[PDB]
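Participant: Each chain is listed here by its residues.
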Amino acid sequence: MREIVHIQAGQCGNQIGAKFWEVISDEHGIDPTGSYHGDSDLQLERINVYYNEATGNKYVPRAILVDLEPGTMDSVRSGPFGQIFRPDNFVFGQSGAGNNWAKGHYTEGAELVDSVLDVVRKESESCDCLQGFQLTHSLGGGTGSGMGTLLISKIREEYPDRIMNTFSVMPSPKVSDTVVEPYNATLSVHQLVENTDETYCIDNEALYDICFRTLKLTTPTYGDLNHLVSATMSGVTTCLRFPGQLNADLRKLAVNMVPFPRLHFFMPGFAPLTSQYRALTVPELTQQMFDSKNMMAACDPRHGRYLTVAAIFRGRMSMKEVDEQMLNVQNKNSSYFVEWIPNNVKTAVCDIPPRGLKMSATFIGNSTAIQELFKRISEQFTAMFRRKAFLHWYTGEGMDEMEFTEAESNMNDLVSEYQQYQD
Amino acid sequence: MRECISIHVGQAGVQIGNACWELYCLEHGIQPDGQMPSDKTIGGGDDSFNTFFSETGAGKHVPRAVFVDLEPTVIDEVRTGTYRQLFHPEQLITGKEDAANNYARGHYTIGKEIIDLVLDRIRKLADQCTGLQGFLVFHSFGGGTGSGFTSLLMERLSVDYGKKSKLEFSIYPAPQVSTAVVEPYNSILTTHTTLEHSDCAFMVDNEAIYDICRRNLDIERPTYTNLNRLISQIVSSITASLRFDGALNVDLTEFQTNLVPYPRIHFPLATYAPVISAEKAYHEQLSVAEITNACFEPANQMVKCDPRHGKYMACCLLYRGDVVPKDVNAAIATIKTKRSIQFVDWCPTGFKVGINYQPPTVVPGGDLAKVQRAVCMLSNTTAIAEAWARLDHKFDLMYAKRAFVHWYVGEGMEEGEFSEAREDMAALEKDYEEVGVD
Amino acid sequence: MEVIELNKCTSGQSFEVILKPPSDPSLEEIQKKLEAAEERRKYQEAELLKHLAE
Amino acid sequence: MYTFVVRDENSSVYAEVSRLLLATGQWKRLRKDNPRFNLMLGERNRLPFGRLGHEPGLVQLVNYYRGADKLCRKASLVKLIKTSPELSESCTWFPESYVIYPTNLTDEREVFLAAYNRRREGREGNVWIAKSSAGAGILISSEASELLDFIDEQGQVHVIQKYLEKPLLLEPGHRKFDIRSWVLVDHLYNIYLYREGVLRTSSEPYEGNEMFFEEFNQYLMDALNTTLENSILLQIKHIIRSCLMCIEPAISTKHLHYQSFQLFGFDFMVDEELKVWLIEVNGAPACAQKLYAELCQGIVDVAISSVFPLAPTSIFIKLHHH
Ligand SMILES: Nc1nc2c(ncn2[C@@H]2O[C@H](COP(=O)(O)OP(=O)(O)OP(=O)(O)O)[C@@H](O)[C@H]2O)c(=O)[nH]1
Ligand SMILES: Nc1ncnc2c1ncn2[C@@H]1O[C@H](COP(=O)(O)OP(=O)(O)CP(=O)(O)O)[C@@H](O)[C@H]1O
Ligand SMILES: Nc1nc2c(ncn2[C@@H]2O[C@H](COP(=O)(O)OP(=O)(O)O)[C@@H](O)[C@H]2O)c(=O)[nH]1
Ligand SMILES: c1csc(CNCc2ccncc2)c1
Ligand SMILES: [Ca+2]
Ligand SMILES: [Ca+2]
Ligand SMILES: [Ca+2]
Ligand SMILES: [Mg+2]
Ligand SMILES: [Mg+2]
Ligand SMILES: [Mg+2]
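Residue numbers (our numbering), protein chains in the order written: chain A, 1 to 423; chain B, 1 to 438; chain C, 1 to 54; chain D, 1 to 322.
Fair warning: there could be bad hints in the mix.
Within a straight-line C-alpha distance of at most 27 Å, the following computed DSS-like cross-link-like pairs (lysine-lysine) qualify [unchecked claim]: (1) C:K50 with A:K122; (2) C:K33 with B:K96; (3) A:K122 with A:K154; (4) B:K338 with B:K311; (5) C:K33 with A:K154; (6) C:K20 with B:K338; (7) D:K254 with A:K320; (8) B:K311 with D:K70; (9) C:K20 with B:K311; (10) A:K293 with D:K28; (11) B:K430 with B:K401.
Worth flagging that the hints you see were computed from the coordinates, not collected in a lab.
Build the full structure now, drawing on both the sequences and the hints.
Facilitator: Take a look at the structure:
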């Protein structure tokens, strides 16, 4: 009974969160009305980790939907599994955040935050033993970025010893909504570096390239990008939602993945990524799962070194062959794994594969190559900030330029921290 | 009759404890409901098996055991498993959330809040003993509970039962069957604060159990169930003298008297043979000499190391099955003229031998074949210091960068306890080299 | 090659062969440890709440 | 793609093996501290055998036999020969040796003197030589007083053995010489003898003071009407087998979690009766300039590739045994 409370904030946050619950609800045999219709008891073993149980054997996600405007959450409440979410867990305003971190964090968001914490507090009170929290959101907008990080800061005040995980969508000029995205992302990363235990960095640029070059999608859409995030989110949470010879909770994952508290930003990966009925052998899964084209952070792992790596395999396959391939990838690229953390590559297998796949592989890496993602952000940030461009949108909400300088310094420090451990 | 209370701490301790008491029941004819037909003294009696089992008025034989885990999922298997009826609820103790592989979390944060409860339950078992010998403590080196709460328990056990003996069965970390990375830290942390409180500790390297299962049993990918049943056989061989009529290792004190001359060097090497696959068409039963010779092959030691390049300080031969003294000495003489057995100059060059006529008991439907005779050798070799070296090296690699250190400091541990613990292992490693090398 | 102390019974026997002759912290001090660590956790958590309150 | 680490930057031999492995495009050199290796070219002293064979999914090999020092340490060799029944104290091919500890520190001082007195009174040649392992420090003297006094002035263990007074001299020149033979023992404990040896002849009456077997063999035919195989080589092959088969149970890695192989430098003396004597065994031998190529390739072929194969007329003489 190690429950997790899920929070999704803002447009991106709620659209990726919605797809996540749709996917895992399918894997746990839960229908859009909340009734179980599976065939394997494995689907209900750890079902309480993400679902509360109601009268009539109904399963209601332990999810809170947050947004400063009603648009996106109206789509969720009308979407496929919209009926499954607890009505009281839709917390939203009418003002919006105008893609402004300051509005989500200080002004518009401050007016709405307390009522979000009332629902979080309600969900936590029904948990036998709360593990921690997970937040889906983007960093380039206003609500998920600004208010999302305000939520994390106010949750830490009340649950300091719990684990706070985020799935954070990094902005990219390739798939850009506003020019202020580097401002919003830099301000958020400052919050995350100090108030999260595990952050899965999802770079929208990497997701786009995968859809264009690997999936052969001419014109990718946010829906297509979100298919990859759903799959990745289901993969990383497999060792939490299904029984196995693992017993992995959030705190144990953090203890073995995070050797330095500030270096808790992860590169997720997934395989296969087909453009489709052919069986994918274990070697193919292992070689793809480590290729850059399969990684969602748009960072070449050959540019840095892995601190820790956790690979999850799903399906019915040779666990002897699994050990043979993972030990082969390490001992054939030992120059990309730090040698001062003995046995820093671990593997876990799971019988239940994702719907419509004989077997898959999810990749979780704490690599110093993530620094290149923070470099891109820092570069785009400084290009505008050196000229105070678009700054009035933030000073008009009460922020001072000093706060921008500090967020910038901390991220460059972060980048410098990765660089020293890469040597 | 003097009693022994077993204590199983953490997942590995509990599951290994579960596999031992399953074997103990099969070896003594105790059904899962606690009843024992052969026992003609109902409700009482001071037989050899009573050292490990108490007796109620209804005729149930209750193990003198306590299971402790900071999370309730492993012990919950015992509560609803095949042998749920053997233990009363007070014997199974579970907290709410584990130590997350963090020594400091199990020793300080969580341990402080459950330590007195465990002592109370143990005091309950003690109050049923007329002459308690000591405690057998099963735990892993790598787990936050198995390392952190065990060292705290050993401290408090020395306070509450100063005159009692304490033996360990410790699981040494192996990467092939572990998803953790900070186990070196926990291993060295727990060995430091437990050292002065342990009279005799039997280390089982999971790497050794894993390879024996793949090599002899032909298990491509051994699980914990495979490893535990094998580990329980070795445990059964070591504790057999306490549970059966005999004269060698008749009480926990004798383990230290025979196997440990110097207090800090209390880690005997264990060797077991034969391990035969049950799925085999049918194996040729090995002889006394053959299995006695196998006790000097590194391939069936509980810790992989090379005793040929160390010095022995003691040597116990525990035989189970159709074995007579004539065949043992004939095999001992043969092995002395072929093997590299270098004893320390300040110790007799001998072997204390023990024979129990009841052959090894194999759990039905298990992986081990029923054999007519087996032997477990307990030898105190300086060669087991290789395992400290390996472990100490992994510790040094991560500590040079202070990797993961913040997780321990965050739970109220001072960084200085790391280096204090490491300098103790440095000294321990020096003590082994002063005794073996010239 | 000598055999000494041979003990025989119904369940087995035990002997000894020789090939060649030879040539704590108190209850109080533990309470300080645990409470000392607990206080360091309390100081760090107080500094966090102070950081947050600011 | 195999991996190896170089932990002895001063080995002229394995520096070439390290140079050949990289030339095969199938071996990768890692930092000396990286544990995920297949082959270890280890250090001469304190090689950490305890950390070998514990990396999952890695077959690991090392170019040193743990315990071979028993054969390559002066005092250890003497003790090994006297105390091993396979060699016995009457071993006919090893000069009469004694382990003598300096007085400032078992010890065979009295035993050594008893034999010395026997030779003095019997008119026999009584010239000895004292040496130790801490030398680049040697003293040859016919008086026992000078030998023992030279050892006390030092502080390390020494050994005194009979100095061969009738060494086979080459002509012209009337000059001494010794024989070097390189021996490779692989993970299976096959004893391979390099087909090529060298003589280090004294350029003084008793190219580069080196004479190879072809020339040395032709001389034995013209001077003595015999061959190097019959007069000397059979005895060398006998001595190599005896030494290595003796310690085999103690150093064999047959049933070990890691594998060993090692290159040995046996040094022999030859007297005027064409009898071969064992001088010492070197565990970290160098090679003759003109022979590094062939021998270093043979090491890779039989010692490394035999365990890590790649994608003749052997240069070695297999000394078969049981
Ligand atoms: N031989 C054997 N080893 C085990 C078993 N269970 C866990 N281990 C080993 O124990 C180590 C992990 O520590 P655990 O005992 O599971 O941790 P714990 O005692 O429950 O403490 P926590 O961190 O709070 O969970 C790993 O190195 C495993 O290989 C088991 O059943 N048999
Ligand atoms: N007992 C003995 N009788 C005759 N000559 C001897 C001898 N002991 C040593 N020598 C001479 O000394 C030389 C060997 O010296 P030794 O091997 O002890 O020194 P060393 O080990 O530093 C040289 P290396 O190890 O490279 O062969 C030989 O050339 C031999 O001629
Ligand atoms: N992958 C993905 N990214 C999105 C989605 N919607 C918005 N984004 C990205 O998120 C950023 C915009 O933030 P948004 O979530 O719309 O702002 P908010 O509603 O105020 O929190 C931009 O970088 C977009 O590219 C989505 O559905 N999927
Ligand atoms: C485990 C042990 S300390 C820890 C820190 N957690 C920080 C946090 C941030 C935001 N919200 C809640 C908590 C995790
Ligand atoms: Ca308002
Ligand atoms: Ca009875
Ligand atoms: Ca004590
Ligand atoms: Mg938007
Ligand atoms: Mg546990
Ligand atoms: Mg020499």
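Participant: Has the given pair, C:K33 with B:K96, been kept, meaning a C-alpha gap of at most 27 Å?
Facilitator: holds (23 Å)
Participant: CA of A:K122 to CA of A:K154, is that 27 Å or under?
Facilitator: holds (15 Å)
Participant: Would the pair A:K293 and D:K28 pass a check requiring their Cα atoms to be no farther apart than 27 Å?
Facilitator: holds (26 Å)
Participant: C:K20 and B:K311: Cα distance at most 27 Å?
Facilitator: holds (15 Å)
Participant: Is C:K50 within 27 Å of A:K122, Cα to Cα?
Facilitator: holds (26 Å)
Participant: Within 27 Å, alpha carbon to alpha carbon, are B:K338 and B:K311?
Facilitator: holds (16 Å)
Participant: Holds or violated: C:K20 with B:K338, Cα cutoff 27 Å?
Facilitator: holds (16 Å)
Participant: Take a quick look at whether B:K311 and D:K70 sit within 27 Å of each other, Cα to Cα.
Facilitator: holds (16 Å)
Participant: If you draw a straight line from the CA of B:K430 to the CA of B:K401, is it 27 Å or shorter?
Facilitator: The hint holds at about 25 Å.
Participant: Do the alpha carbons of C:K33 and A:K154 lie within 27 Å of each other, as the hint requires?
Facilitator: violated (33 Å)
Participant: Sort out whether A:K320 lies within 27 Å of D:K254, counting only the CA atoms.
Facilitator: holds (25 Å)
The earlier numbered hint that this structure contradicts is number 5, and it is the only one.
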